[PDB]
Amino acid sequence: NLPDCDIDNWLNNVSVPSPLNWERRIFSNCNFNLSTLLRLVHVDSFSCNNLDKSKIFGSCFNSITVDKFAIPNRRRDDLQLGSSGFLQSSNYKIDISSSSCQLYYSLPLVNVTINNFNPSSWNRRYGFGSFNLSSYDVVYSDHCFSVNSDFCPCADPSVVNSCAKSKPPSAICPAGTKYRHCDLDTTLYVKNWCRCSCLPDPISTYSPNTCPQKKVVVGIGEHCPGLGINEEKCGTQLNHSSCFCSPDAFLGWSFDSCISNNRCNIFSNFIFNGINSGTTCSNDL
Amino acid sequence: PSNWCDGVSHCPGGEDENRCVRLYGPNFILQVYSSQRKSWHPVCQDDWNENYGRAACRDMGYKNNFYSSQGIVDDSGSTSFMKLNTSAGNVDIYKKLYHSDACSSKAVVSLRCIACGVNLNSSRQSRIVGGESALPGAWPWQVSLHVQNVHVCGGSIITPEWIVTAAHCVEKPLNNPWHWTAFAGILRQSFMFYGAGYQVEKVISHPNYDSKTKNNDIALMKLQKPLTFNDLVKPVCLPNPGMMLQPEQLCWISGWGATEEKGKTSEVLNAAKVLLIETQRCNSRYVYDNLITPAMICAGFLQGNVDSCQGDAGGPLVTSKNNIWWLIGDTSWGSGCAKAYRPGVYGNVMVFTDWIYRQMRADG
Ligand SMILES: CC(=O)N[C@@H]1[C@@H](O)[C@H](O)[C@@H](CO)O[C@H]1O
Ligand SMILES: CC(=O)N[C@@H]1[C@@H](O)[C@H](O)[C@@H](CO)O[C@H]1O
Ligand SMILES: CC(=O)N[C@@H]1[C@@H](O)[C@H](O)[C@@H](CO)O[C@H]1O
Ligand SMILES: CC(=O)N[C@@H]1[C@@H](O)[C@H](O)[C@@H](CO)O[C@H]1O
Ligand SMILES: CC(=O)N[C@@H]1[C@@H](O)[C@H](O)[C@@H](CO)O[C@H]1O
Ligand SMILES: CC(=O)N[C@@H]1[C@@H](O)[C@H](O)[C@@H](CO)O[C@H]1O
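So the sequences go chain by chain: A and B. With the first sequence counted from 1, adding 322 to any position gets you PDB author numbering. With the second sequence counted from 1, adding 128 to any position gets you PDB author numbering.
Please keep in mind that the hints were generated in silico from the structure rather than gathered at the bench. Take these hints with a grain of salt, some might be off.
Unchecked claim - Partial selection, computed: residues in chain B whose CB lies under 7 Å from chain A:
1) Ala216
2) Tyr226
3) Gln431
4) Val434
5) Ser463
Claimed, not checked - The list that follows gives simulated cross-link-like pairs (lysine-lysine, PhoX-like), each with its CA atoms no further than 20 Å apart:
6) A:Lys513 to B:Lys340
7) B:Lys390 to A:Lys513
8) B:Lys223 to B:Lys211
9) B:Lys211 to B:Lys224
10) A:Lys513 to B:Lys342
11) A:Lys487 to A:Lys555
12) B:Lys191 to B:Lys342
13) A:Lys555 to A:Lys536
14) B:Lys401 to B:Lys449
15) B:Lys340 to A:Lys487
16) B:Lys191 to B:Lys330
17) B:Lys234 to B:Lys166
Where is the CB? At the ideal position from N, CA and C, for every residue including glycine.
Please build the complete structure, drawing on both the sequences and the hints.
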């Protein structure tokens with residue numbers, strides 16, 4: 323009388339994610355069948371680590387952490403276990419030491435739509451939105467940058483109302499935050515020359531210490547804390563104006579597609595839990 | 129001076145263009161300017177004896193100094209070589225040179241006019257900001273210049289009689305050689321007090337030096353008494369046109385500068401490793417907003433923490449190549465000390481290598 327998990331319905335959903343915004347569904351207290359999961363899903367390849375593939379039949383689990391995200395064509399090879407590629411260091415780390423069965427499969431291009439996102443607060447209170455692209459692209463981060471719970475990309479109205487060269491854009495930051503760095507300097511005859519912080523671009527800042535934008539790596543369970551923002555591209559020049567950063571500043575992202583033989587590629591790292599233990603068992607016999 | 133090596137004959141005899149001589153390459157391949165084709169061509173080893181080497185170094189602002197001379201296989205890819213002849217009864221070498229397709233010995237001349245670019249072996253020396261102590265003898269060209277027996281700017285030597293430094297230290301009213309006093313081969317600033325001074329007989333400043341943009345910043349102190357060379361004091365070879373100085377190349381800076389900005393000068397000579405910064409990278413809108421003239425060099429780290437400071441001015445920018453040190457830059461000015469995005473800015477000696485020789489020969 324115990325119902326089915328219907329895991330196959332979740333992978334074959336019309337909404338297909340990206341490695342930047344991989345989700346997680348904790349399947350628990352329901353049935354399944356690996357034969358039906360192998361048949362109803364057009365599998366490219368199926369592999370298991372730290373758990374025998376033949377031992378899934380009959381043995382069961384407490385809760386299955388099921389993740390999914392689409393495969394870029396140029397990033398198919400980076401999903402190797404333990405690699406240091408962009409996907410495994412800035413999109414989704416795969417815990418090698420835990421029981422994980424990886425599944426490779428594709429969905430037809432007629433019923434696949436992609437809801438790209440950017441899990442983060444540091445880079446979504448400060449101007450962002452539709453990832454400008456076409457009807458079949460899959461974002462993938464190539465370097466994740468983390469910042470404090472106080473970095474106002476926008477500079478300070480006053481320093482600039484008195485600067486006179488390198489006038490970097492500026493806006494009133496939000497109640498509870500701290501103005502960006504700026505060291506009013508002098509060179510030969512150019513007076514008050516302001517070289518505000520994180521100047522060139524978050525990935526060319528030869529000051530990996532002065533730029534509050536520090537570099538980081540994703541982590542089992544945790545998505546990307548934040549992407550990249552040219553700090554000379556965030557803000558209008560008018561002063562009395564909120565910290566509206568602009569859509570053309572998001573650098574650190576790349577739009578490779580998802581189309582292999584007339585079909586879109588998707589992956590999964592079914593994280594497991596509780597061998598020979600649980601109430602989410604199966605009828606595989 | 130300035131009338132030398134310009135393509136126009138000034139004196140009626142025309143010695144200005146017929147005697148234009150310079151070295152070339154890290155292996156010191158001699159060149160002689162050909163007035164008929166307006167180009168520099170190397171010389172043959174064939175039928176050459178050491179007496180002509182005396183005349184070559186003398187016209188090269190090196191007077192009688194002559195270390196060694198031997199023949200090496202050509203590497204510059206030149207199509208023509210100067211060829212000597214012994215049938216002429218005259219005593220001048222330049223009337224004896226004529227063009228030839230190739231030399232019989234298949235070699236060109238490596239001319240050394242002074243034993244420079246060699247120091248005692250030193251292991252650990254990174255004494256400018258963020259480092260450890262130094263050892264004596266590793267930088268024997270480095271000298272300190274004093275006004276009223278206190279340090280103002282550093283200096284480096286290239287001959288027993290000449291010291292190069294920055295022009296902003298010798299700016300008015302400090303353009304009088306009586307005020308300057310140089311000390312050679314002493315590491316501790318507490319020891320350069322009693323009788324160790326070498327007075328400067330005449331200060332030389334660049335004629336087109338301009339203080340607003342601080343470009344063409346070069347200066348030449350000349351001593352009355354030539355420096356007696358030993359293990360603790362040795363010159364550094366003036367670099368030649370035609371070396372492919374790679375980007376990021378490991379160079380060494382030295383001087384008695386402060387360990388931090390606005391701080392007091394160091395008691396002991398400091399010297400640490402820095403890196404080259406390419407000039408088109410430096411003169412962009414970002415690094416200095418087109419402030420870098422072609423006679424200027426940016427060196428150090430954009431991340432900072434290893435840079436020149438006040439008192440490091442006049443110091444040498446040296447690199448190691450074929451076991452010979454080359455003085456490619458002179459510390460002109462620095463926006464802060466040990467700071468990011470504002471590295472050390474250095475004057476290009478390479479643009480002014482010919483200008484040094486023009487003062488060397490006229491004041492010999
Ligand atoms: C509902 C379901 O998916 N489970 C099926 C079961 O109905 C079928 O009797 C058995 C044999 O083919 O295979 C299982 O996978
Ligand atoms: C079943 C399904 O989801 N696929 C539909 C198909 O029924 C429809 O006839 C055709 C129109 O594009 O293709 C998909 O939209
Ligand atoms: C407003 C918007 O974001 N959409 C633009 C679209 O108008 C343009 O045709 C396309 C070309 O690449 O670039 C998108 O970013
Ligand atoms: C969390 C907090 O309030 N502390 C901030 C920190 O976020 C910031 O990185 C640092 C440097 O500006 O200044 C501290 O005051
Ligand atoms: C010395 C002599 O009698 N012969 C010279 C020759 O050396 C010279 O190269 C040539 C033209 O330059 O003119 C000849 O008269
Ligand atoms: C290179 C050549 O053939 N020209 C010689 C010249 O060098 C020499 O100075 C002159 C007079 O002695 O006689 C010329 O024939």
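For each hint, the structure was consulted:
no.	hint	result
1	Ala216	violated, 56 Å
2	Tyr226	violated, 51 Å
3	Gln431	holds, 5 Å
4	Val434	violated, 13 Å
5	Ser463	holds, 6 Å
6	A:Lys513 to B:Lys340	holds, 13 Å
7	B:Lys390 to A:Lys513	holds, 19 Å
8	B:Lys223 to B:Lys211	holds, 11 Å
9	B:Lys211 to B:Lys224	holds, 8 Å
10	A:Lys513 to B:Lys342	holds, 16 Å
11	A:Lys487 to A:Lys555	holds, 16 Å
12	B:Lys191 to B:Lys342	violated, 32 Å
13	A:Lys555 to A:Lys536	holds, 18 Å
14	B:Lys401 to B:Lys449	holds, 15 Å
15	B:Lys340 to A:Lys487	holds, 18 Å
16	B:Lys191 to B:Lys330	holds, 18 Å
17	B:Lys234 to B:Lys166	violated, 24 Å
Of the numbered hints given earlier, the model fails hints 1, 2, 4, 12 and 17; all others are met.
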